[PDB]
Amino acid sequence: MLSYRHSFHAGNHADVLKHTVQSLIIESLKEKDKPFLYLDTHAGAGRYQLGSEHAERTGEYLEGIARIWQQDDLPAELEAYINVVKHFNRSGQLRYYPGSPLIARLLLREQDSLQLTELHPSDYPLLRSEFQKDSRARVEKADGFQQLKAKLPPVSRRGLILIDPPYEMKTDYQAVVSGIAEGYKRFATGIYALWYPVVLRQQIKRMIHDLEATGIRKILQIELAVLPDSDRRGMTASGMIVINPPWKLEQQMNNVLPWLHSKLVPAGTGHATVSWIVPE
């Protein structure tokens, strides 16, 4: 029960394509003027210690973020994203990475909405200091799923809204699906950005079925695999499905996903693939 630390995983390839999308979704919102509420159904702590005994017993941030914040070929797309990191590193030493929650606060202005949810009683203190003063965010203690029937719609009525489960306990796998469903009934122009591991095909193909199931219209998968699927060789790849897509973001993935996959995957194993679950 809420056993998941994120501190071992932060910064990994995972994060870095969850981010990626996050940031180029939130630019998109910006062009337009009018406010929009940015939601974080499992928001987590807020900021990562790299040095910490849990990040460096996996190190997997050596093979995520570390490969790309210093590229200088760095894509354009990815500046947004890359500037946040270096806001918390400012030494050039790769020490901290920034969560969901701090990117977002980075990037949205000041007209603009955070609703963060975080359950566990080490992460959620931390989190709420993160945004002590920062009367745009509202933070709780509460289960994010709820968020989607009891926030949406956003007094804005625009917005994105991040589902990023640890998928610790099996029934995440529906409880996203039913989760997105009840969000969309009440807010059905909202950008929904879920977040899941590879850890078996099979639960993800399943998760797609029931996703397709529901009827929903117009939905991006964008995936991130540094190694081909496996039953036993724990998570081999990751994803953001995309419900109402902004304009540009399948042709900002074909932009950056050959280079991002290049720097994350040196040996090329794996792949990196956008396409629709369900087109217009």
Second form
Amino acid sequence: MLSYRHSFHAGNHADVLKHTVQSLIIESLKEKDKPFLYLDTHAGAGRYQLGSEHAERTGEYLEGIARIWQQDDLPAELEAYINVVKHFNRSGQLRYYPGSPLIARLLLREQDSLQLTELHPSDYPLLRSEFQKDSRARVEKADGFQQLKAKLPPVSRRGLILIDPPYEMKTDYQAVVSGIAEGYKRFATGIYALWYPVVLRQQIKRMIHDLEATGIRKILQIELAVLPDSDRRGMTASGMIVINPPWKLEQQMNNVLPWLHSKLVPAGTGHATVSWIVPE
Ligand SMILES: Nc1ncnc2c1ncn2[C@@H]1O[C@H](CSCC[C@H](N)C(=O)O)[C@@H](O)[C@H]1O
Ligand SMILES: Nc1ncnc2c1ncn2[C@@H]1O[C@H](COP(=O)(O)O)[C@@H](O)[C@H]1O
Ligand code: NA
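Switching conditions: you have the form solved without adenosine monophosphate (AMP), so give me the form deposited with adenosine monophosphate (AMP) bound.
What follows is the whole complex; the chain from before opens it.
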């Protein structure tokens, strides 16, 4: 029961990919003056201490955000994201990492809104504090999957829905698919971004098969692996599955994925790909 702590992983290569994609979608949504909703089902604490015992135990951020945030040849597509990270580390030392809600908080406009949920009794109060002074946001201690029913469609009728569970419970692999189906039924023009870990490739193949079976079209897959697939314990890769991606996203990812992979994976192992699960 909610034993997962994101602090162990905050700012690792999966977070870099996830937040790169999140930021690019937000920038696309901002192109039109009309307001939109940012809905984060599994929101986390908001920000993470990289000097914490958890972060330093794995040191995963050292192979993630650390490898790109001070690069002089940073691709333009990453500027919005990296500028948020720099805002939280103005000393130039890498000490704090902004989670999805804070990236959203700093990229959204005055007219936009945020709806965030987190169940963990350490992380929810921290998330609440991050948004006490920002009336654009609503933060609730409740099941994120339920929000795909309760909060869609938004009155603004525009939005990004980030679904980023920890997959501590293996039912998550089914729940993300059923949850997307329910949300899509209520709000078919929404942009849905689903993060997934590759611990067992067969789990992911089954998940993608289930997603195809919903009949939903226009499904883009973006994956970055630091190691080839393995049956061993660890996560060798992660990806973003994006439903209704903005028209530029595929090209933007083709522009930045090789650079990202070269920086995050100096040994050149694994892969990085963008492809359609379901076209048109
Ligand atoms: N059913 C559920 N509803 C809401 N939060 C959940 C949940 N099950 C697990 N969680 C929380 O989901 C989170 C996944 S990590 C979230 C990271 C965040 N989206 C970011 O990018 O920074 C954990 O904080 C965990 O406590
Ligand atoms: N966000 C993440 N980033 C990197 N590794 C992760 C993440 N979530 C889970 N893992 C790893 O995936 C493996 C399987 O998780 P578990 O079975 O819960 O230990 C463990 O090695 C975890 O550390
Ligand atoms: Na996770």
